[PDB]
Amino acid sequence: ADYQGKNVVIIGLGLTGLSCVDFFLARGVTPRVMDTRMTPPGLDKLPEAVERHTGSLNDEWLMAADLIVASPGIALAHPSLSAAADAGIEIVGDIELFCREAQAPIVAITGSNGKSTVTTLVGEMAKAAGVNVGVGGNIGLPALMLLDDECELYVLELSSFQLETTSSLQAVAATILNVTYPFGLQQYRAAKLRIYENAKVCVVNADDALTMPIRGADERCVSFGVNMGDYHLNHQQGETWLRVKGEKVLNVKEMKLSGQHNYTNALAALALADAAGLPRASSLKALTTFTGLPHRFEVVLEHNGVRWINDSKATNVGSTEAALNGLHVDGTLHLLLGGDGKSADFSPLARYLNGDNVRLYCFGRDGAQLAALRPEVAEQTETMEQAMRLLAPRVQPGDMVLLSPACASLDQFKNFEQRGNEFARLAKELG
């Protein structure tokens, strides 16, 4: 598309906004930028020629724009943007700008959880095939930074926020992994359903009806699931295989990923790669080489028959449910739950907490809430380190120590990554 002579305003000076700045500069267009923060750190990176307004949105600039490029996020709800729409001013996001300029097929992935694992893994399948692939979007580099005439395939992770502002995506294959929001619930689902519009192939979760396109399944749909679907899992005394269209394709022992959820992520990835035309042999190869992302049901230690699992990326009840459903534990599960639950209903976790082989170690702001799930088997401490010092002397060969806390880490940590890193350090110290 041609932006010459347009009055362009970018909202947001994070890396995504800066990518949009670079995008217009490269096309001879000097956009205006604004950010509600007083000193966003992107400031220091702007060219001198770019007019900037910070500390709030500038209504006059928005109302004078020919195009508003909105960084994705709660900012999309700001009443000044809504006023700009009412005046007929075009509003788009970086993903729309990208789709207009992309000169290679797009694989598009959204979902409440599993999206980064799946996006990365489809990336690795393309790399295994020798395909010049650009991987990013809502994870890694923002999408505009991936644009390159040499690119043969793009694999994008997309948020609901990004999809709200995207009208030009025609993915070669797209998925909603699952659906577990500023604009309300219907809006959240509706936004994800945008990903299927003009997608050649839709990869749906057989286990989550909300991932099905609006009007139902259609001829474009390929499913992945635990017990059934085009891509599913098959389990026979001691062994689990990925199964595709009726055929086992890989024993999971050949994969580095562990856990039912990552296996379904592997299936969804395979299905997207198969739909994108990637060769099957190299995509299987990638399944055997891919280590997994840190903090995503990641095995950080396995000594003396005890596996220590960092699932710190589980910051909500849906993520933890996904970690708990189909969990395989020979001996006792030692489950660490805690942090800032953000007023969540934890009860869905309770289904998974019966039997004689579960111990709970609860901590952080809402530790009390979490222990109340089954007080009989719960301890409560202030910190995860304290909880880990309680369980460590109790573990026995056969056990699993799982950090899947169902809460945000911000009461005690900088982010879920620091929480997982500390968990790994302590596991190594104690285990």
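For clarity, a rigid core is taken as the largest C-alpha set superposing within 1.5 Å between two forms. Positions refer to the first chain, counted from 1. Compared with the form deposited in another entry:
- Only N357, out of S159, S80, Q170, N357, shows a C-alpha shift of 2 Å or more between these two forms on alignment of the rigid core.
- If you fit the larger rigid part between these two forms on its C-alpha atoms, the smaller part is left turned by 24 degrees.
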Contents of the next structure:
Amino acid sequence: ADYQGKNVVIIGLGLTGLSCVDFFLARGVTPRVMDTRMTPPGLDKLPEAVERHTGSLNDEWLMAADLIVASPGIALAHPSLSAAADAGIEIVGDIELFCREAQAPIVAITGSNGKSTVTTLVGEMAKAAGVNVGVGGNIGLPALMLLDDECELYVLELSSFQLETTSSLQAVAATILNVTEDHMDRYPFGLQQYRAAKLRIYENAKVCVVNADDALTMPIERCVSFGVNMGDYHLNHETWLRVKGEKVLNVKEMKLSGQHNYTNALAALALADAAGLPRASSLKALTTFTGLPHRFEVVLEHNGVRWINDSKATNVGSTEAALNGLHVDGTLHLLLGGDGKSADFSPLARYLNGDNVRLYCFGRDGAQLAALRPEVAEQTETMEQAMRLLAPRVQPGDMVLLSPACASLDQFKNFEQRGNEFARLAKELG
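Having seen the form deposited in one PDB entry, please provide the structure of the form deposited in another entry.
Just the single chain follows, nothing else.
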């Protein structure tokens, strides 16, 4: 696309906004950037030639724009952005800009949970085939930083927020892995509005890959499906990955475990197949992939205690996936809390009954989580306080699990900081 001579306004001075600034500048367009935060994290990394407005959205700048580029962290429903849209001013995000430029096939992955895992897996499958692959998006490397003429395949993790502002994605293979309550602070019309944002990913996708066990992943010829007991890609039994009844991998060969990680492997294989990656090398990558930091990651096993960093469990579904069927020989010391994004945490309570569960609840919505079972729950302001509280009580056989069911931004830079903090404190206290 062409942007020369346009009045371009970027909203958001985080990672996305800064990548958009660099994007336009490299194309001969000087954009202006604003953020409702008074002191946004990217202020200090902004080029000095770039005009910036902080502490509010500036309607003089918005209502004058030819193009508004909204970071995923600002809601389209923000009154200033809603007014601009009412005026017919074009609003896109960074993923829209990327799609307009990308010259290699795109595999696009969304869903409430599992996105980074499946995105990284498909990347490893492409690397195993010797494809020059660019991996990014909501996983943490801004998509515009991937644009590379040597790049042969893009694998994008996409959030529902990113999809809201995207209209030119025509993925070679796209999936919604699952849809469970999340981000309700951004979706005032509830689960179906959130789902609608995710269903945009299938528009003009060559192959759509759905979860046969989750109806909300399905759009309106047919999608390929993956599932546990059913699907074009499904599980057999010892557990096997199968594709239409044919065994392709005994999961004893994988470094990941857990049923959701087996279905993540199925989804990743389905996308890789659809993108044309040779299956042999795709199966190889499944055997080498070790798992991402902060995703149910054992950070210390000492004195008979496992300290597990599941900082990236930021909603009920992911903490459910950690707890469901969890084996602990002694007591589970479970750290919960942070910014609950208006989630109903109730579905967790059925996992927290019985004699060997202690809760340590903190952050903005700590009180909400302690309420899940008040008789075994402690509430502190911070995670560090909770950890210094639980640490004396830890016995051989116990597990200390940070699986907070919340976003981290009420107290942390990012979920990685929260995970890294937990790992430092576990090393100190364990």
